[PDB]
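Could you put the whole structure together from the sequences, leaning on the hints where they help?
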Amino acid sequence: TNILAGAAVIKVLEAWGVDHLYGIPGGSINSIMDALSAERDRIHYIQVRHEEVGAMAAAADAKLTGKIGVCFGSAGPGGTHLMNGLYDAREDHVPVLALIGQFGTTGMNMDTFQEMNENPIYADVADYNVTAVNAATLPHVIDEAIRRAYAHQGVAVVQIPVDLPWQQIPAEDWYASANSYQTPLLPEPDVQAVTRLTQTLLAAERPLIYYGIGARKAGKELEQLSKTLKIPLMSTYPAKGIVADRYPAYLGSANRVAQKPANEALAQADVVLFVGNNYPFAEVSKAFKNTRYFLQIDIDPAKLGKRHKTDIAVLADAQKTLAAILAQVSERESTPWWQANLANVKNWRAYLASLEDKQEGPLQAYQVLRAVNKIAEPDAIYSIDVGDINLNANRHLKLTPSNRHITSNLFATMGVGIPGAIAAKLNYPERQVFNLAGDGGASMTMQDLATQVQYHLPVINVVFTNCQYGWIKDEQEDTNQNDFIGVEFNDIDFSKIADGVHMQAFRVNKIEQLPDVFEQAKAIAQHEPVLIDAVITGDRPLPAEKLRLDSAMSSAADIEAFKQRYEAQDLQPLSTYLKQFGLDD
Amino acid sequence: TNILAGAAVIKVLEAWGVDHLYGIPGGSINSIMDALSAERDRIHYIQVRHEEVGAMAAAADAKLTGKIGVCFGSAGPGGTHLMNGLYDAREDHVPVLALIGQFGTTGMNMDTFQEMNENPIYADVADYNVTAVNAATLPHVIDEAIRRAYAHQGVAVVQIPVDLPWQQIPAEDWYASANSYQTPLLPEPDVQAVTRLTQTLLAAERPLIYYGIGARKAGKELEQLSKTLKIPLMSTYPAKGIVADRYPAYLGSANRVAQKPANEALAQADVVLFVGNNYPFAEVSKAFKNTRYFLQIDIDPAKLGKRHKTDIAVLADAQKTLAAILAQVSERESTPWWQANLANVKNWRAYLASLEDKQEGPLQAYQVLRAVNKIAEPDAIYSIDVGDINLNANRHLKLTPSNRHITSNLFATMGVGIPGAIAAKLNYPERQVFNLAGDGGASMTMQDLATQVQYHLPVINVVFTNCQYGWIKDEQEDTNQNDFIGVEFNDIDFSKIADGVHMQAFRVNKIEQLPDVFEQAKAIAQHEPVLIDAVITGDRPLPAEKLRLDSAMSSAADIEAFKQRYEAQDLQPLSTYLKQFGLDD
Amino acid sequence: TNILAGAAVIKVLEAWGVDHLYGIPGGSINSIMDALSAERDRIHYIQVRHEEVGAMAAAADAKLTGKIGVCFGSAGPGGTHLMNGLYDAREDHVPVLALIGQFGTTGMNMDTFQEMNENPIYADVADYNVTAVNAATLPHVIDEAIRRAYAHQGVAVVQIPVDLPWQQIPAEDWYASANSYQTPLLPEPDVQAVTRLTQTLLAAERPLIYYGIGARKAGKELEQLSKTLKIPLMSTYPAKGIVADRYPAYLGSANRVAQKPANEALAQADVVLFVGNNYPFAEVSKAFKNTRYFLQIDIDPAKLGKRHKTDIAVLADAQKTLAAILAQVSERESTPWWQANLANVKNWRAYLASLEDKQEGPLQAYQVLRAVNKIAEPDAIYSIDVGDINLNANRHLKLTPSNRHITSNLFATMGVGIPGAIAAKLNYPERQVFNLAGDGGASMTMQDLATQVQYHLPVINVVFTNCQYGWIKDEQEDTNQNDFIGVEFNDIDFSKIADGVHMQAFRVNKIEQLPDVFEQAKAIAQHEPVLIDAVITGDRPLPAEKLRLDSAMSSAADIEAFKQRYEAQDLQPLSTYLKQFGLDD
Ligand SMILES: Cc1cc2nc3c(=O)[nH]c(=O)nc-3n(C[C@H](O)[C@H](O)[C@H](O)COP(=O)(O)OP(=O)(O)OC[C@H]3O[C@@H](n4cnc5c(N)ncnc54)[C@H](O)[C@@H]3O)c2cc1C
Ligand SMILES: Cc1cc2nc3c(=O)[nH]c(=O)nc-3n(C[C@H](O)[C@H](O)[C@H](O)COP(=O)(O)OP(=O)(O)OC[C@H]3O[C@@H](n4cnc5c(N)ncnc54)[C@H](O)[C@@H]3O)c2cc1C
Ligand SMILES: Cc1cc2nc3c(=O)[nH]c(=O)nc-3n(C[C@H](O)[C@H](O)[C@H](O)COP(=O)(O)OP(=O)(O)OC[C@H]3O[C@@H](n4cnc5c(N)ncnc54)[C@H](O)[C@@H]3O)c2cc1C
Ligand SMILES: Cc1ncc(C[n+]2csc(CCOP(=O)(O)OP(=O)(O)O)c2C)c(N)n1
Ligand SMILES: Cc1ncc(C[n+]2csc(CCOP(=O)(O)OP(=O)(O)O)c2C)c(N)n1
Ligand SMILES: Cc1ncc(C[n+]2csc(CCOP(=O)(O)OP(=O)(O)O)c2C)c(N)n1
Ligand SMILES: [Mg+2]
Ligand SMILES: [Mg+2]
Ligand SMILES: [Mg+2]
Ligand code: NA
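As given, the protein sequences belong to chains W, D and U, one line each in that order. Take 1 as the starting number for the first sequence in our numbering and just add one per residue. Take 1 as the starting number for the second sequence in our numbering and just add one per residue. Take 1 as the starting number for the third sequence in our numbering and just add one per residue.
Just so you know, not all the hints are guaranteed correct.
The list makes no distinction among identical chains, and a pair is therefore deemed to hold if it is satisfied within one copy or across any two copies.
[Unchecked claim] DSS-like, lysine-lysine: derived pairs with alpha carbons at most 30 Å apart:
hint : residue 1 : residue 2
1    : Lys-11    : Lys-306
2    : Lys-11    : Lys-303
3    : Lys-286   : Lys-11
4    : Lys-67    : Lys-398
5    : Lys-496   : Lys-563
6    : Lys-306   : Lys-289
7    : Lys-227   : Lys-398
These are computed hints drawn from the structure, not numbers from a lab.
Okay, structure coming up:
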């Protein structure tokens, strides 16, 4: 006849298929806790050591599986600790439900302990942001929050006065709308528009296809289009892996978390097919300043003509549209543009291999990543933190459609490595999971190494210890007039941190130490988490956006300082290859 | 080589096809004013007398045409005046761009005259809410605002420091993305879900199709499904007119702005097909408490199973889906449920006609609306304010697919009658336009009667003068223990108000005065606006949500009282017709 | 034993001595209405025709009396209409309580009719902003709101779900804290800082005392310091009247709502004593660029050295401090700087008088204000709207300590004339009350002329009809490259508007009509409101901030042009008087 409103709320989460959720209890959320406790056989609470890790893990859950992530924080500081993960979810447009503790309705607005108007706190981050005020409508409010978070691909926040979940409500009235759930309709490509797009692309002298994660389901079409038409591919950083990295006409990504051949080719291209792509650097970096024709495919009307004026714009699903192009074209002969890019890619990859293939001496990030490649399973999942590691992982990870990689793409919050790996292992216990993080980012969420131990999540944590915020040091080098500040700091030994949370760990500082340590780590992570603290040099990785290689554009002195610093003696500018095949720069 | 950023902004508006925009100038927006001044041939600025009328008319533009409405307000009080129209646009989910004046960047944050942080003012109402800080990117921010307003069907707000629009920017850099705008090509409704939905609808003993404005393209299919299957039709109030009111099995709308047959039939129905409908009274009124199967068609995933637990929810276009149902069904013979509803509708319409057809005596709202009907062109547009007029217009207006009617559907702001009619006439100069407003609502925006005169917009204004907030008085009668308060007030003579703004006007107070006054008004409104001030009684209109007609549900005393007050002696309850054709309750 | 929570709320208002409050009822606020209905003897509800007039009148209540103003609005559009008055209260830092209707707790967050999260709506405007969620604590939340509004001199907003005020709560639990309210006993101004400030003031060759409304208790000390020390006085515009306008060394105000002698003398001054003053044009106009020493007296630490680098800033009460200065100084003989300023003032006043004293011909604002002066009682209160009238009233009104004048000082919302006068008459039934408004501002709130009639408030409304937003037209003349836009519009006959609301009225357009019309108005306003619609020319009033009179600073051509346009042939620049008495620039 009756049910506790808190029990009904948990039943709503179960109906929506929520397997696990994260947070830290408090008096102000103890009635939700009480309901979770009764339901521990059907829904799985993950106690984190800091609420931001719970929010970040919830966001990563949604990034990985498409299923709404769920986190909670107690009133006041519990909830405000969620912010970095909630902004990550908003900016990476993934569905997250956040429940926030609040004092009972009898105490609200009395200015009692830890009691405040919590609604304005979440107004900016949240697509849906409500304080619940009734027990009987509470399941509906949660159901509504979940449905909107999914539909609008963002954060829903519900502040819950702690009395409400302990109130009895009629057992027969509440329901979940999970049974009615559907994902948004996929628009179809106009046949004439697609034909026009195809003809412009085929007429191009220097075409590129430039895709983002919007083309996630279209890797086959992308690679076959590239092979068939002899058109090089490039991607946003997060879109790495949609087409295998080994594909010889994959240029990489542009800007800074970037590869040399993509930056060079983009500057030369006459026509860009921009697909499922919201590259945030487009305007600020003048990426398309010399592009003659700009062709766009995107499912979101708010994106069409966003990053550049379009010549042809198609409001349709990337894969349906790319298949439609492929179906109306046939094999094209090689072109000078195609060969020039192929040779530039070979040259670039030989550079990266030369860094990876060092066998002894001071450890650099490059060999560490080679060591990851060597122990990586074909379907490994990578949770990557924020900093030099994005750049290094982007260049050195050998990914295929079978892999997943996540980071905080747009909000770019440091600390995401650890929670993303926690979320990865919960959702994919049979898959190998890496947390790749710099020392700065790993420091911010280090306490939740204990969470991997507690729940026996066999993550391979790899910390890149340069005793710097290297990403920022390099920016200060580029822009600041005065000395470096705040970018070089004291050592943390993460093997000792790991020991402290009762996780097996190693610390290495020489290239020659890698094969054996990484083999041990691989074996350990069959059953338990492991940490490798890699003490690396302060070498700056090659800035793809600040190339000094082309004698027509840089002084001989800058060229040689560049080659020496970046061990890039064998790199050729794209212009070398353009000239070989009879094209001018 | 160079162009003023302000001039570029106006070119962005023109590229998106903005015909007219509303506001009041101020020093903080005089640079936008300056650009508008040079572009009078291609964009038409409408100076309103209160900025709320500008915001409300911009919302109405979007309601009528589907094209973005555009308004502006000077810094501080100019912008804050917009609020009621901007919330109207948010709640009625139509695209509106609001430009807000701001002091120049050299004086911002100086606590100077009328200078404040304006961004937090618009955070809640707006889908997109930004302060421009650069002239060169200003055209792009305006373009982004428009593109987001359309994509998210809501309000975009841009605060513009007044220095920026007078700064020169490169002539060749800015662009509009209007050229990329398109509507999606949707797939066909899934065959198997539609088939399943159809079987359940057809298996019902007491089916209803209950549509909202999501089915605005489906009038033809709705009426044919109804006729073919013998299923009565009911709608949300705003969906009145999608199927002609004369259709014998149109029941009307439910709740309070409602018609008796819809409320009665809905209580009896075993299956409801809920199509393109977001009826906000569903849960609070327990509308579907007796429904066995609830079937849904909606284009928005956020709506799926929102209003009631749903047996089958089809994510699809309403018209495509209704056409798909119609293609798989054929004639069913008349049923008792069909005949009972037809007889119930006949009885209700005779009641309404008895009120309209009074020829002499104290004027009531009923005869006023009959007089509107008599002078109405088949494609007239009606701007309806908020109060008893929603209920009366819903019952009395004889609408067809050729009509439009708009009001403030969900935010329900009083005062929308005047601005809605201004916008209707600006968009449709050759169509007859009515403003039907209560005295309370008309007085809120009365100054903008002068805008109709200034711009020669031949609106027919009909003000219903009861010297009451009638809608609220009746509520107070129902709920309040103590005397009426704030709901009976002093007369305003709107014929004299109209005379004050130099608009021709009449004041009437007897039924027999209607024919000639309305004939004169019809004629005047061939060239100039006109106002009829109708002094009506304070009779409470029959409450469709508080029927006292059925012997089984009400005492004889209560029924005789209800029949007396509401001149309802010849009204029969639905149960009478159910019994007549052999059904129980 | 029990009391309705709503009844308790009204008792809280009564305990704090709230005499009258404003709003428009709605279903979402009908339970507060119900409590008000039972308490008509002790609290006076004023039903306005637009909720903005309620908010603005509540702000005016606080401006006039120092006691909290109280208004309300129904859920959604009722509350949002309050905004312009609530921002006025925030910016003019006066206590206002705004009650907002909300749907009952059982329907909140259900997306029902006119139901939204209202809390974020009021976050920016409000010092205190809460949604009540419990009936038993509701009286306390109202008490907290009032107490905070007073303490923080701003707006408190409470959203009240309509069910709560009809719930019974224990009769003995609730209380008001009005009994605890007091004003602080301040220490005396520190002796040594005041002595130091005095020496610097007295050492100056060209001193000015520049006061704002923080010195409203110090009129006597200000005038005596001026007379004794031979130091001219200037004020902020709102501080007009603290020292009688007839005082021969009152220079007026600076900037645009300004008088020539104040602008001229300020440019010349070597020491300024800035007292109880937060002049917002200080920095943007570079008002003190030539000042050698800047001395400050203010009660608010947040103001200390805010507007200019300050040599000595005394944190103290203005009156106590000015009395302390006066106690340590004695007579100084007339100085050249004193005589030059006196002569400059005489010359300016003769100019203003030449405009006022025209006896026949086309009516200008100048003669209208002379006609107001002639019928004004010595303790008249003036509600002034926003536009040219601020400038004209500032120059022409002959005010003394016995007068009050209010406007929207800083938010400067048009429309405040009507509500300010309603509030003035409600607080001071035995004092003569004027509303001086431009046609633009009067038309924004014109419907509430009916409120003056309904409540028998004998306001003298004077509408200045130029068929322009004159203030803005003159700005466009100064800044805009293209034609005037949005600043010249169609006539509204306000005598006919007034007739429409059943208020006696006159329309005048010639100077010779003034005496008899104003005599009739004075008489009518012994018992009933009256309106005079003054059709004035579109002559630009002399710009005190753009003087062209001094041969050393302007060309002969520019001076002759300025003298012609502004009828300023007999005006002399300050430099003439400086030279006359032996000073340079
Ligand atoms: C430290 C750091 C530095 C970074 N710097 C770089 C950098 O230098 N270079 C770089 O490339 N990235 C960089 N980023 C990542 C970057 O900020 C952006 O997140 C990324 O470039 C955007 O990638 P995207 O367009 O693939 O993803 P999103 O921004 O998520 O956009 C996806 C797009 O696809 C559309 N879409 C979705 N589904 C479909 C469909 N079915 N069909 C068609 N369209 C669809 C969406 O509407 C959207 O427009 C960096 C990240 C970090 C952490
Ligand atoms: C004073 C006043 C009183 C009122 N009281 C009543 C009342 O008593 N009774 C009443 O009926 N109304 C009343 N309303 C109006 C009411 O508040 C709601 O706005 C109305 O009932 C909702 O109508 P809707 O569902 O048609 O519109 P919306 O709420 O706009 O819903 C449209 C729905 O259609 C969907 N949709 C849009 N396009 C498509 C498509 N192509 N295919 C499929 N689905 C689509 C949307 O996703 C959405 O779910 C009143 C209004 C006022 C001013
Ligand atoms: C259309 C329009 C144009 C305007 N333009 C002008 C103009 O050109 N010229 C002009 O002068 N005004 C103008 N204003 C008014 C202007 O915006 C400012 O509001 C005004 O100049 C500020 O006056 P104030 O410093 O007296 O008041 P406030 O800003 O209220 O400042 C009061 C100050 O006194 C202090 N204070 C309060 N009590 C005490 C005390 N007991 N002892 C000591 N200090 C105390 C406070 O801390 C504060 O610093 C205009 C207004 C309008 C409507
Ligand atoms: C929470 C947070 N603080 C600051 C930043 C800015 N930021 C980006 S990268 C970076 C440095 C990362 O340092 P580290 O993790 O040690 O990586 P490294 O570049 O040294 O490999 C900083 C401080 C950020 N993105 N997130
Ligand atoms: C701005 C605003 N204030 C209050 C309300 C609440 N409200 C709804 S209807 C209504 C009465 C309208 O009175 P009137 O226009 O005279 O219509 P009537 O019912 O008398 O015909 C009110 C006050 C509202 N919707 N909008
Ligand atoms: C609500 C609002 N809108 C716009 C402004 C900007 N503004 C200041 S004065 C003014 C003109 C006022 O015109 P009017 O009332 O006719 O006075 P006039 O100068 O003609 O005498 C305007 C539009 C404002 N302060 N408030
Ligand atoms: Mg580091
Ligand atoms: Mg009325
Ligand atoms: Mg004017
Ligand atoms: Na108004």
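Which constraints among the numbered hints does this structure fail? Numbers only, ascending. Number 5 - this is the single hint that the structure violates.
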